[PDB]
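So the chains spell out like this:
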Amino acid sequence: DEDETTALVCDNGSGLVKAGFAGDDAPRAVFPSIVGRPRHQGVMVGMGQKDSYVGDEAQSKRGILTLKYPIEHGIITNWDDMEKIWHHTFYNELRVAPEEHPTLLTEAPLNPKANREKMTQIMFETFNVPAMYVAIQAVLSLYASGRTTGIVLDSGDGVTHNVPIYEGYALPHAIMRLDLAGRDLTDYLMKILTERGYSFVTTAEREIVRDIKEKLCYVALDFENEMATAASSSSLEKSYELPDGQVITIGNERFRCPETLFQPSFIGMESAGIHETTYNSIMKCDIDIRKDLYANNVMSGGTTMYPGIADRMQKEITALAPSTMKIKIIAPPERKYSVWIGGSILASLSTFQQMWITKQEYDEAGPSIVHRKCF
Amino acid sequence: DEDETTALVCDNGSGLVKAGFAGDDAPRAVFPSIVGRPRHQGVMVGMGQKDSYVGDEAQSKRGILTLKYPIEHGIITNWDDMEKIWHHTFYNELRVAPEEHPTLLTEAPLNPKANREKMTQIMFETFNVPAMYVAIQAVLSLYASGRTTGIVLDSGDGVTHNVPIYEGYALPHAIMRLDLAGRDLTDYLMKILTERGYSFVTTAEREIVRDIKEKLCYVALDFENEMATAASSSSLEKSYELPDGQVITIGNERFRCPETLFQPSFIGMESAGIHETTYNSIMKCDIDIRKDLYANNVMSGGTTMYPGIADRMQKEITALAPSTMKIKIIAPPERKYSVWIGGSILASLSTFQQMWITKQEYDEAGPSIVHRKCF
Amino acid sequence: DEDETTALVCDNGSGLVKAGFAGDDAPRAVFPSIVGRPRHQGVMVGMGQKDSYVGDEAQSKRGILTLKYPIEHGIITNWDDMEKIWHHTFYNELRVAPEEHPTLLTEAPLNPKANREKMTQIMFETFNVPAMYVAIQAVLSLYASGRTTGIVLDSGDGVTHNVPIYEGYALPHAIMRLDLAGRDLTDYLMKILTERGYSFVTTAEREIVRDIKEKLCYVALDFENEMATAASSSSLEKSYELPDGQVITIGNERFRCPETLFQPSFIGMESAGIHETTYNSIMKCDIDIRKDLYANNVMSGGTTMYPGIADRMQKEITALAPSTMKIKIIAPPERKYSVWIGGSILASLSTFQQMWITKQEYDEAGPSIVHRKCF
Amino acid sequence: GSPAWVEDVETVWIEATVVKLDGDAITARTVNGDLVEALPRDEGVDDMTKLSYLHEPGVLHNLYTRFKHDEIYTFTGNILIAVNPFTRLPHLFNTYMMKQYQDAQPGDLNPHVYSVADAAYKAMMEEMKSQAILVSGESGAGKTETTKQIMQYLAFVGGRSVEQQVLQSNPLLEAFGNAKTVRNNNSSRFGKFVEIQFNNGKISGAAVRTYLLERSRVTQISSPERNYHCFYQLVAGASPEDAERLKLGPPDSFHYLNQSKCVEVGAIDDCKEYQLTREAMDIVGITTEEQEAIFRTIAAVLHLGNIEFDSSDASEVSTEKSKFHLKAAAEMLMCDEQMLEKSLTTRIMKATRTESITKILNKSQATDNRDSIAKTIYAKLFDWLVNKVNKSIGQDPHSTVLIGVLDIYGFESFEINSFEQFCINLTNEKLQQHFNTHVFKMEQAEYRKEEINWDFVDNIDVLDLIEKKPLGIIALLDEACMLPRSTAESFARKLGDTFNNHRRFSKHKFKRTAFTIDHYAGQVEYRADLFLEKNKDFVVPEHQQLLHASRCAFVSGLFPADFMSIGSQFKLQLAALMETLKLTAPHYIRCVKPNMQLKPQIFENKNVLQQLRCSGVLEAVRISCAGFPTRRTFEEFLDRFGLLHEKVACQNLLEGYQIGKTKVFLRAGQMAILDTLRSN
Ligand SMILES: Nc1ncnc2c1ncn2[C@@H]1O[C@H](COP(=O)(O)OP(=O)(O)O)[C@@H](O)[C@H]1O
Ligand SMILES: Nc1ncnc2c1ncn2[C@@H]1O[C@H](COP(=O)(O)OP(=O)(O)O)[C@@H](O)[C@H]1O
Ligand SMILES: Nc1ncnc2c1ncn2[C@@H]1O[C@H](COP(=O)(O)OP(=O)(O)O)[C@@H](O)[C@H]1O
Ligand SMILES: [Mg+2]
Ligand SMILES: [Mg+2]
Ligand SMILES: [Mg+2]
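Protein chains in written order, with the working numbering: chain A, 2 to 376; chain B, 2 to 376; chain C, 2 to 376; chain D, 99 to 778.
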């Protein structure tokens, strides 16, 4: 366990679950959240073959396993899965008896109430945690970057949200939420690589496609002369190696796969795109406090790591927003670990001590108290 | 009988029946499986002359006997023959009352169900064995070589199969089976030696031809400069002695007789050949797990003992498969006794104790239970 | 040639190539698409023996020919083959000089772009067709059945696709494509008949297996009491005659061979099966237009002719979909000739006259214009 | 209510008799003073069998009292118990004390063990020929001096120098055997046995049955007990010219002897000890050529430990870079270099009827083959020394009556319970099972003697879950040892996933791999380190042929007569030793020790509690209290009834008592309840 009764901070966030003790500056446990099942008949005896594979063992044997992503779009689908993944993160990675430290979990905004009610119920009644608290993934990014106050434009593999935070207060009348996330870029890439001739259908290929998206994708400055010029010459075409030893060439689809985050008509959703989401989020605040947000709008979340996101977002705001207005985008380079670093501070480095949910209050109140306390 | 109630392991495998107790490292009984009948009239009294010759007495008197191979291409033809050969292997070689030890028999993959149903029926109802089990000749080669996981490329005198095994699981959607086996190389050699001038028609000659195939055959590296160069000089031509005292010279047919295992158009079957069988077997697995199989594809079975099989197979994969890919062929030199050595472990050295077919279940279920249990 | 300059409509579709003039209600030329090669040595002089057999002569001599299916899974493999089959369909069946009429070809959705670029290139540059157009095999089924608007659930020997079409518009964000097609049912049947004891390995047997699949297969209502009850009595067992004069009995494999289209775990692919493919295709459309598709989902393609497909699909949707919802499956009985009948109308009976690719535009643009025009 | 014991940190049961407090809130004063708010009632003594309370408080109080009374107080219990006083025994091992032990039957048998030795000698004289006495005691309990005093008492009794020869033989045995364990820098060697054959009372024959050697100490070692004392003595360099004649390098040079940084030890002068061992071998009668051959054999074992193995398909063959250690090993063993290399890398024994195949084994197999050759060689070396030991000992002229003595390593703890320690725990478990069976037989004899109808197996359950089943833990370990690529953690997962419930044993905490098992001496969690690498063993025939036919004559005599699981052969050998011990009449003796100060008038209640737990003295007390612990005569019960408030009158005043023939076989808790009724 731990050499101190400091609390435990872990984001589950539907992608790569991040976990570690409070008061650190580095997360001590990171793995891709995934639940594996053997799909084929076994004949060889004695190599374990246990029907519950999870995490970093799961990407090792990922050729003969089905894949089950447990958390989708910010909603939790199957509770046996999260019951499994909590137990695996606690007992195998940080080897911690969970009844020694309180915990801090998180969510996106606007998630359904039964989900938070289940999550609050489970750690108390199955793990007997002393205390629990739920934070907001919009908030802690600012405690990560230091208190600059503004728009937190964070998009992970689950969702995308737009929360303005001013001066110590949040604005619940004008937050936003979209579903173009990491998964939809994967699934657009699946239909996109099929144009070249390649073909991927099964879910074991999904984490391979995720790798190519993680490497060879960059957000073009213009979306017309790029898609004309790379169609005019192969200067953009690079290569990659599938784990068999093949060589796959990539055309203009290095940029068209995250292009649709600024043009979400391609995948058939109807919405604004994330830049107009940011702008319409700002226009629903007051005319008094506006000009801070234009200079203190902060990115976060691992889907915003494509090399060109900053200049593209800046040019799009500058064309969109009123003219004589200084616009300034922070893009801190630990952003893929931003949120947990936020959970680094807020658990340990505050007066956050009576603000915990004492389990006594849970035994007196039931689950729904986590509605009326933590936000 | 035995000094211990350990089970009994015997492969019948249509060629040389291998038999012995579990827990040993050496098979205690080996003979060519063959059933002999006298074909000519007897006049001399009192020298036995019993009309059921079998096995190692059978190759002694093999001039005036018909030959009846009982098991063909993995299928059992006549059940009186196998009823004979089981009784001869039990009572004469290992002198064992069969109702003291369970038994382990085997098969190739994809053999017809009535065959396994007959074999399961006979030992229980005629010999009253306590327990029975059927294994797969694809599997136990890995327990022979130690658990390397890969393609088991095994070809005996019966069949040739290609089973991939990964990590504790087998892949039944992409196994293979061909019929180019030991017998077809004999029968190609029969039509091949007739080109030189020699002539063999009767079945007593068959085991003589089998001997020359067992000795003077080697798999050429190239199949063109060899067949041009040995046609240019007699450096390859060697000699052999038929049991009369004659001397027979062999031309380029030292290599052309197993050449057709990589070119099976000669004998008029239509198929790929065994190397393209291996490659097409691998390509019907996932792109995730491939690169293990290229380095852990394991030969077996006594037809793969021709001096040159390893380098030829390696060069053929390397030309065939994608390029930057390490390919590695294990060729363990006890391979002609591989399968039984596999049956050495799996009977005795496991938790393989409730996995036996208790004869009680046979009396309650009938034969078809051996369908639903052992694979 | 023709008594009118109406265009020419032919689907190639990897199976039985259908061809005929526009404006008719009956296809005038139908043959199994296959390319034949002699594999054995000829000695008899003067019986033609030409090394390019194709089509209906090819199923006549199919004992001593290799078989080469030219088009696989919707992709075209060898272009000499399609160069052959186009020339044979034009010059021998409809005896038409191809430079007199425009042509209409087709595809599945999501086929690789180089394929359509090759097909567009070849008729223009080798046959000098006046005009060309490529349609979608999802579309024309509705013009066949009359404009009911819905899911086109069509599966030929190439592929299976699920396209929703509403009200005059298609939904490219939620089409589907699977590869369980006619060929995979043949290849499951090949491994299935081997359980009974029969044995088929060579490619000349493939068209014989195709016949038995075309005759004695029917989709069971339940998949458990059928596979228990036919295992309890031989009421389902029928007989068939191989062209030698043998009699082969068929067990429960009349229904298990197309059972796997609703359970595609058997052949080791990982997917949903076609009914859940249809349901997941519908759930990715809007909540506004849904209830039309439940009552206007239309089958097509010759793999959906097994006697029981309609009730099975209906019961599966009704268990799957939300309850109080009228579900209605059209199953028009010319469905095996549906697509070409669709090509009957759309070429001749529209304003489809400037929508053709004038060959002038091809000489000014190159092949890639067939990307930007026809869809 | 006030007179009781009190559990505390230092005084684990302090007999605190102050105030009758509440039932669980027990607030009173104590010997240390006033305490806060449940230990049992409290009431130097020779036997506590008639005590009012049979508890660890009264037992520890009598122990500390007899430590203060300087008496080695041996309770009768069908088993005695003494303490190492770390002082001289005047008039206790004396001949007049021996004459009194030969004379005084009932009186002197209380604290004295030579009187118990005389009683055992009389029982052997009472036609109970097959008889032996168990000697419970740890490292430093004085059991060797106790056995010497018992041999002196037997020589005074039986008459008929074997003791001096036994004294001279222990230096040769312990040097070949002992190392620097966590409990002793001069540890034990192994299980040792002795048998004195009597020629109708004339004790004349010497025999030994020392088995169950520490074979795992050859290559696997992880603590200061790596260097054997013979191995360290040869590493000490008992001859400088013969070092160059044997090419013997430094103590750090041998990689097999490079385990856990205990090269220099502040416990032994191994050069002078090696000279003393050579003198003792000459006293046993070892030839100088025999001594040179033994030294050359140990040197060859060291060079073979230094013989590195290496990795075309390189994973089936080896190489040679520091081939000097290989060539020196070939020279010191007097065999061909290429022949020994082929016997290493080949393992070629696969023959069918006339064919022969050469299975060129892998590098991980090759290192195990080297380890197997070494473990064969050293075991043969210990066996030849045992043969010479039994030769120089000399037995009797086909005598039929012998008396046995046994000294084996018992239950122990460490920082981690290794598979060697696990096997030692299994040995102590089987020994405790036999001792508990003897105690239960004595209890049933005492019940049938007083005609008491008095109506353990979980130890047999622990033995079953460890070894005895066909799906046992030793069996599963052997099973996973065979099938390759068996990960250690994967072994642990099945280990905790088979027999998961239903034991005094389960899986570890939130840790990597350990298996917690509650043996009779308490709960130990053996940490699942490379037991799967330790228990591997192999015996091939061609290595036996190379050992038999090599040019070294003594080495040829060490393997002249030329299944694969160390747990399997250990189970067979331990079962054989238990079956051999089963044929004799049992006695038991417990040697306590004041190991705190290693001096007189000192006590370590933690170490004494560990001694009573490991030897099962507390467990024997529990098994004794399980039956009818209180047993007082009808006059004794009448006196107790008169003190409280004639057997019928006592039954009327009282109404688990069961009046037997003349005693009242009752419970000690009933005796404490009667004492509370007498006090109230
Ligand atoms: N090049 C890249 N570097 C880092 N992350 C990337 C990259 N490309 C895509 N990603 C996405 O970033 C995500 C990182 O996890 P994320 O969803 O940001 O966690 P959270 O949900 O807690 O915000 C992954 O889902 C991955 O899809
Ligand atoms: N040189 C050779 N050495 C060993 N076996 C050979 C040789 N040449 C051919 N063989 C073939 O190897 C076969 C050995 O038996 P095999 O069929 O492998 O047993 P199984 O059917 O159990 O695999 C024999 O049929 C024999 O035809
Ligand atoms: N009983 C049957 N009747 C008609 N067609 C059948 C039957 N059984 C199977 N089929 C399949 O229907 C297919 C008809 O051609 P199809 O592939 O539908 O053309 P297209 O590819 O244009 O849709 C053949 O491949 C054949 O395998
Ligand atoms: Mg995440
Ligand atoms: Mg055989
Ligand atoms: Mg077709």
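Be aware that one or more of the hints could be misleading.
Stated by the list, open to error - Here are the computed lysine-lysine pairs in the DSSO-like style, where the Cα-Cα straight-line distance is at most 30 angstroms:
#	chain 1	residue 1	chain 2	residue 2
1	D	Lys345	D	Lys440
2	D	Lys440	A	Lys62
3	A	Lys51	D	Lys440
4	A	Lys69	D	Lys461
5	C	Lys192	B	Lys114
6	A	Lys69	B	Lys114
7	C	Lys216	B	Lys374
8	B	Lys327	D	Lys461
9	B	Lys374	A	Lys62
10	A	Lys216	B	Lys327
11	A	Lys51	B	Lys374
12	B	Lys285	C	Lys292
13	D	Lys609	A	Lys85
14	B	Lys292	C	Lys292
15	A	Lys192	C	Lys292
16	B	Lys360	D	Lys609
17	D	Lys609	A	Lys51
Since the hints were made in silico from the structure, they are not lab data.
Hints versus structure:
1. Restraint check for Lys345/D and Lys440/D: the C-alpha separation of about 23 angstroms stays at or below 30 angstroms, so the hint holds.
2. Of the supplied pair hints, the one linking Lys440/D and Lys62/A is violated, its CA atoms being roughly 39 angstroms apart against a limit of 30 angstroms.
3. Our distance criterion of 30 angstroms between C-alpha atoms is broken by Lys51/A and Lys440/D, whose separation comes to about 42 angstroms.
4. Under the criterion of a C-alpha separation no larger than 30 angstroms, the hint pairing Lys69/A with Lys461/D is inconsistent with the structure, at around 40 angstroms.
5. About 12 angstroms separates the Cα atoms of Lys192/C and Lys114/B, which keeps this hinted pair within 30 angstroms; it holds.
6. Annotation: proposed proximity of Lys69/A to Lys114/B is violated, straight-line Cα distance about 36 angstroms (limit 30 angstroms).
7. Taking the CA atoms of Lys216/C and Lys374/B, the gap is about 33 angstroms. The hint is violated against a cut of 30 angstroms.
8. With a C-alpha separation of about 21 angstroms, the suggested pair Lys327/B and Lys461/D falls inside the 30 angstroms cut-off, and the hint holds.
9. At roughly 26 angstroms between alpha-carbon atoms, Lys374/B and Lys62/A fall within 30 angstroms of each other, so this suggested pair holds.
10. Of the supplied pair hints, the one linking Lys216/A and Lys327/B holds, its CA atoms being roughly 25 angstroms apart against a limit of 30 angstroms.
11. Restraint check for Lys51/A and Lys374/B: satisfied, since their Cα atoms lie roughly 20 angstroms apart, inside the 30 angstroms limit.
12. Restraint check for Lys285/B and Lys292/C: not satisfied, since their Cα atoms lie roughly 40 angstroms apart, outside the 30 angstroms limit.
13. Restraint check for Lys609/D and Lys85/A: satisfied, since their Cα atoms lie roughly 18 angstroms apart, inside the 30 angstroms limit.
14. Proposed proximity of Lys292/B and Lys292/C is contradicted: the alpha carbons are some 48 angstroms apart, above 30 angstroms.
15. A C-alpha spacing of about 27 angstroms is found between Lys192/A and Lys292/C, which places the hinted pair at or below 30 angstroms, so the restraint holds.
16. With a C-alpha separation of about 44 angstroms, the suggested pairing of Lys360/B with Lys609/D is violated against the 30 angstroms cut-off.
17. Among the hinted pairs, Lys609/D with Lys51/A is consistent with the structure: their alpha-carbon atoms are about 19 angstroms apart, no more than 30 angstroms.
Consistency with the previously given hints fails for numbers 2, 3, 4, 6, 7, 12, 14 and 16, ordered from lowest to highest.
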